[PDB]
Amino acid sequence: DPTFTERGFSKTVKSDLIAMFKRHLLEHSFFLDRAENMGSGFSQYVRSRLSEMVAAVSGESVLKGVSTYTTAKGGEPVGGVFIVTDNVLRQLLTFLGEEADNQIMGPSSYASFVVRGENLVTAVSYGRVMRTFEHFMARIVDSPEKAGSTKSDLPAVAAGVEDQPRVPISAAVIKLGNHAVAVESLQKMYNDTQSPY
Amino acid sequence: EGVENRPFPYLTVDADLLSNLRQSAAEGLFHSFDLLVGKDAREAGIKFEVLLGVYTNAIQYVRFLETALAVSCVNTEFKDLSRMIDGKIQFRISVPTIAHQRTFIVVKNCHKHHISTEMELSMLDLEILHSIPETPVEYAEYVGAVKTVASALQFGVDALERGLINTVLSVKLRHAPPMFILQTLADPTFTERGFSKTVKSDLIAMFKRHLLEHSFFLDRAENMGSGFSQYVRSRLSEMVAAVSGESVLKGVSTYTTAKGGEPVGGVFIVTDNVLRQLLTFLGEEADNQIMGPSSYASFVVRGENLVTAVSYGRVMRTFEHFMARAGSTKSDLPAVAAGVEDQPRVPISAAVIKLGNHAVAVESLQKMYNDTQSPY
Amino acid sequence: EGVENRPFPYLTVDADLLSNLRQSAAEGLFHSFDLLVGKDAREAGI
Amino acid sequence: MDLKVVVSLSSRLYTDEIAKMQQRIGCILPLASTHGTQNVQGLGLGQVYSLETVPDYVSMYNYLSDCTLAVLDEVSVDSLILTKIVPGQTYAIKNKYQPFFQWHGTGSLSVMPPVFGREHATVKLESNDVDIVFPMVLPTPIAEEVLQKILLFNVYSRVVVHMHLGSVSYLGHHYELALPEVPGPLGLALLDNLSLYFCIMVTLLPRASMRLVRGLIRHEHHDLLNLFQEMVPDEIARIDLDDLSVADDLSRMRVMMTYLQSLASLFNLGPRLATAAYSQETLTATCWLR
Amino acid sequence: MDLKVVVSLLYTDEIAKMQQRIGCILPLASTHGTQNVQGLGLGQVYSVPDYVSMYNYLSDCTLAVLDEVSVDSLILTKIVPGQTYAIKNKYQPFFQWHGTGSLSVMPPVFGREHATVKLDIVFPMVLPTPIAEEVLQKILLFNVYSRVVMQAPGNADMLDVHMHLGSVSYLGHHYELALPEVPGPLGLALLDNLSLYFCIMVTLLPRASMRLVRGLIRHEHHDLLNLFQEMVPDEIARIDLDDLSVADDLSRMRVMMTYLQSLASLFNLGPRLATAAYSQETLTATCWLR
Amino acid sequence: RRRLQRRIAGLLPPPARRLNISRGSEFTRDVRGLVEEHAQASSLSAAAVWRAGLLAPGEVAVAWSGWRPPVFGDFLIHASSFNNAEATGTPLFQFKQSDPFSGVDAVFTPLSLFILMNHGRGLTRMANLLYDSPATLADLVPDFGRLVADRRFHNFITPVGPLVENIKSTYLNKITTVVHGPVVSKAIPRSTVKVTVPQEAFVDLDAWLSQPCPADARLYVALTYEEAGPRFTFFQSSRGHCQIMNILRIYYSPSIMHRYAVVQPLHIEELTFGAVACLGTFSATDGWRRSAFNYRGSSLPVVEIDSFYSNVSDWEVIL
Amino acid sequence: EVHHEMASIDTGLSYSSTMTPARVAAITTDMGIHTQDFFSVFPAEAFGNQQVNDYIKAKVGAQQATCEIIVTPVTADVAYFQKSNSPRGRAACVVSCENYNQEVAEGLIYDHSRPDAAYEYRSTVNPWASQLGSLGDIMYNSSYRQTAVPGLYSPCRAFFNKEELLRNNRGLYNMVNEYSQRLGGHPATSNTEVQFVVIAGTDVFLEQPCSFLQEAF
Amino acid sequence: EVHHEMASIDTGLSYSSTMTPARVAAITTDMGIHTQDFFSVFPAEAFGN
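Protein chains in written order, with the deposited numbering: chain A, 199 to 395; chain B, 5 to 104, 113 to 337, 345 to 395; chain C, 5 to 50; chain D, 1 to 160, 172 to 301; chain E, 1 to 9, 13 to 50, 54 to 125, 131 to 301; chain F, 9 to 71, 82 to 139, 150 to 238, 256 to 364; chain G, 1087 to 1149, 1179 to 1332; chain H, 1087 to 1135.
Hints are computed from structural coordinates only; laboratory data are not their basis.
Check the hints yourself; a few may be wrong.
What the hints assert, rightly or not - Heads up, simulated DSSO-like pairs for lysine-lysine below, C-alpha to C-alpha not over 30 Å straight-line:
1. B:83 x B:120
2. E:94 x F:222
3. D:149 x B:92
4. B:386 x B:184
5. B:220 x G:1198
6. D:124 x D:149
I would like the entire structure built from these sequences, with the hints used as guidance.
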């Protein structure tokens, strides 16, 4: 929330943020149990707090231009993913009414970023390899004056992740306003292995 | 001791340089050398540091008409504001009489605003900018220097544009009385006497009444159960009716709702979290596009004006309409819109809500202000 | 620090990275960073 | 180079202040910053010389020397254009100072805190509810005369003659100047440094010259001597008993001439202006910052 | 900008005499294009000799190196504080210059006939600053010591003030001087008034210092130093009068402050010219105005 | 008389003060002609020299601008009296030798000038690391102790400002220093130069006091006489010289009575408590960024006054 | 430097813009009790003796929300403190006296021959903060606050000063838009350790209905 | 002021360059007798009287 972190972190705002930390610990933590004694308005409370957890994440990935992992039925990008224990997952699915989807598209195999040949030369000689060497050549010794912008270089930030086959992936999807987060509980993975989730 | 061993492609030159070496390298004939015997006599393993790409933010220009704040302010590109010391507007308002005449000639004055930041440039990237390269390392230096200077110039005009939005927000906040005064003063049941003493005392009582009952409505929007949506609509609608729309530029078509011929008639400026809350209490919005002007209007000084401007000032807005001078509303209407008409009507992405017959647009500026590390 | 200041073809993405930035760097969220004000904001020489 | 600073007024301006300020065009004004646009606060000496009854002239000198200098030429409503003064540039400075000081040919100007009353060089800007005072500019000999008259009033406060000290005299006109009673610890600090210099002078003052001046007043009489009223001072009697020796006289002068440069440079407070080619028909001069 | 000044007027020996000094400087009258003979250096002031008026005249007008001498003109460039120049040590009192030494211009105390050209043109002396202040002291003490032995023969001796005054010393350079051994009393000599100022200020320094300490010590403590340095003077200058007519005391104080400031501005040598890299093989030096 | 029109055409145009730009990404030729300041160093071709325009009178123009050309004083010093690992941006001090015909001067950087003070009685660790023997510096001044003893050391040393280029010769080192002007290097990549002064020798005078901010805050040097050996401190301030003498007297107020208590002033020349000199001005906003200075072993803290404008003055005595 | 000028001009006759407070993000003042010392307000003033003066000055501890003290008798009923009123024991209303004059405004705000504006039956509640020479003006009015440090934010100064009492009694539209467009009611600071008062305009952003209404909660 | 840079680097590991003295031309100091004096080398030291 930028409205407290706007001033510049003097003494008299951190001594306020510590009291705000304590007030959010005393009241708003452990929010699944405040919904069971809520009575009737539990779905609104849980759907508020999940969206509040989402929007308070500065999710500015530099790879946010990569159109990976969209939802299957609609076509919206899946921005963000939840991880829960399996005991709370059914209560989350019943409290949030029903899923809007049962599968999401995504990359089928890992993108291959390999050492190319000019990369191999600078690998042997100095030992320092960049990501996209031919792209650096195109931006330096071919057209350096070309002012590259967001529509111009969006293939270069997506190292092959964008053209690879999109298979479905079975995962529960919920909808929080315009953002569509997909929930998953991998507790089945651990309980057959006797390690603590 | 000052020498690596990576498996270089070693050129196999056939000099007799092998001879008389170890007695020489025992004395340190060379200044930097590292003897490798045994298991160190190997082309070493390839080790490298991976540079996973460089990244930056393309600073987008936030054009002054690309934000919906310019529905609050129509504008005319005036190419010579340096030579305008003063601008006034005369209002002749005629008050009719009612059986059981008056004229309000009010004067309004303009006030100028100066804004200025300071970009900065080193003397290196001007002298290497004027000079010409011939080797491609100098060409690579030159394109970097012209990128820096172009970045500084585009930064300068972009900072000036953000300053224009800042000045607009400041001048709108300066002519902004609070809610708890214009909630009552707009209600004409208390200007009906004529502002004598005791009705003024009841007005300052009603200020205190509205302060502890109607201020901070959005905090009372959480404890009212499921009665929050109608409460928010009922507060913002009477805020809409609390402001005088009696303006002489209301006759022209500045901004439309981009889906009908509905005028938008207002703008809400909120923060980020207030916007994220309001678009959830007011449900689905109406639209996500607003038709508005693509460019500023233009008002130059032609020669029939320019003769007065060089003689003794007093340059009129519309000398042609003055030199043609009955009058009606629709005859005087195009002289009011002095260039705001026939703009090619480029849409503007901004959220619009609906309060009865007004389709008010509501937008947040934090995406602009909090990229400058300045408090909203 | 470990920051290299050599010029680069800085790829431009559209994500607004700078949400509460200068307060973060004056608090030192980043491991290692360089504040360049004014004259040093150019591409350094090769 | 472009040196234009426009100062934005936070409110409007009434017509009487417009008429008053357009008379005050070409005078030297101080500024808070050196940036592009500034507001009405920080302009003028009125922030440190407030609407009060006890002045402080040396802190005004400090505020003048610390900040930059400018000249006001174009003034209108809501806005008035200033032109900065930076070392390396030349300017034209007009003579619009109402105590009408006739300027010498090619002398040197000096800025000055307003000694001729607060109300003399002041525009009341009640529209922005603040006050702008105009710092006086007058030539360097009159500057040193005013300054030493100020310090002599500050040191003869504790003794008593008043009209013969707190009123300057010029070829053009004699003037009166406003006198406080205490300049605070900064004026006392100026007197501190002055007495420091002075007591080390009278430690290291040469004794050949006293032996000259005793026989010189008893032999000759001049305008440079008639202030003694043909009477030898008592320390001339109790000092010239000693013999006259060359070596310690040279060793005294070799430090005396070092100290007097510092004693001159301590009176360099306030920015100085070495101008050139003043004309008595245009009332302006080609000036630059020294 | 444009820097040349063409002045209008010679014959072959005049051509050779002016050609001898084509690297020296002299002041002008104005910064215009064409001028006359009378507007050239030190002509209208030095022909009774008096030092303080000539130093005031040298700080008054600007300065100029000369470049070429024709039959009827002298091509010369005035110096501006912007850019740098190249001048020469072509003066008959030869003071050897050094690297990064500040050069001064004093009016000629070394006699008319050395630094002149008989047509008139009088060139000022150029010489470095420690030599300048030391020759100032060693001409001033020579003046007062000559006046004393003209008054009283038993106070000093003539050879007593030539073992220590006829020679200046700077980095091993042990030069001599042309001291005027017959000044003549009642003024009428060069530097006759500067000694007459120095004696009056050294006479009024006790009346100043004691009055200042007694007036500053009542303001109890801004600083301890005004009473801390009460022990370093002798007690003879301490107990002098503590009582006089404050009209007379104030007049004496005002005259001593004015003469002190004028003398301290004169002991600062005037237009200080700064060198960068002197070359004795070429007798030239990079120089610019400061 | 029509040729005078062409002459006034060749003489008229000033540097561009205003420019009504429209957009930033266009990069018009007119705004380039505003921002293009001519260079000083170019490759050696007559067309390349003509585009660089170095043959123009006084200031550079392709066939005035508020900018000053710098001067470059040259010095010669013995190779042991200087360390070639000195920084580029460091101020220097000339000591005038006593021979009448000299040729070879004697320059002291403050690191070297420190060991003229310490020997005879961190920072001193580095000053003994670089200049290892004081005996190689104790002789460039012939009579140091007598000259301190009569307190005429300050009028023998004139500051020459910062260093630029050190051609590392074998025996007689030739250095170039800027006595006056914009301090900028003579290199083929013309890199910026920042004047450095060691941190322990340099106390701020602004934050020592702990609204009027000008642009040019000056840098002052100060030699002071202590009975524990004289010291060279440096001072940053945004005040006038009238203010600098008073606030320096108040700053040195303990040391004056320290010297008064330990050594009584028996003669008349000990009373001079050192002097000051303006070394010049710089930018008051971006001033005095800290940095580090490595020799092969150690690291002293050091300030970096960046983009300095050198201007020496004489000595004004502190008292 | 990039310069830009623009000249706006108001077109609607009445008010064309409203500011409404909506939410309370953080009560930043750390609202407790910490009264400031008068000995930093008046460091010069002292009693006759020195040692008893230093004894008291050491006993109270005279060396982040600032309270002040108005002295009142014990006979004030709690009903005056129950309703939100003016803290000086007198209903300091701004409009039941006439506008653009000084006689009847000073009569309603300081004279006690007319009763209180709120209650029908009493002149005041306390006579130590409502008289023309009370304790409240001798603490906080600017006419007797000379040789006091500016830059302290004594909060009770806004409930007493005469300049605000004349500034509010202009025309009501003039009062409200000069309240909005100029934020100078000599207010507090924003984020400092102790509350200073602000000097430079359009830098920090604060308004107060306290100087608009002269009441308190 | 012109400038020119050259960058040498030795591409032979051993000595690649030698220098003899070939012939004498003149012995420009005479192998004579003029001894130095310590009164100029050490002028500071002196005797009792």
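Straight-line alpha-carbon gap residue 94 of chain E to residue 222 of chain F, limit 30 Å: Violated, at about 34 Å.
Just to be careful, I want the Cα atoms of residue 386 of chain B and residue 184 of chain B compared with a cutoff of 30 Å; is the pair within it? holds, 19 Å
Would you check the hint for residue 220 of chain B and residue 1198 of chain G, treating anything up to 30 Å between C-alpha atoms as holding? holds, 11 Å
Measure nothing beyond the straight line between the CA atoms of residue 83 of chain B and residue 120 of chain B; if it is 30 Å or shorter, mark the hint as holding. holds, 23 Å
Going straight from one Cα to the other, do residue 149 of chain D and residue 92 of chain B come out at no more than 30 Å? violated, 52 Å
Are the Cα positions of residue 124 of chain D and residue 149 of chain D separated by 30 Å at most? holds, 29 Å
Figure legend: structure checked against the earlier numbered hints; hints not met, in rising order: 2 and 3.
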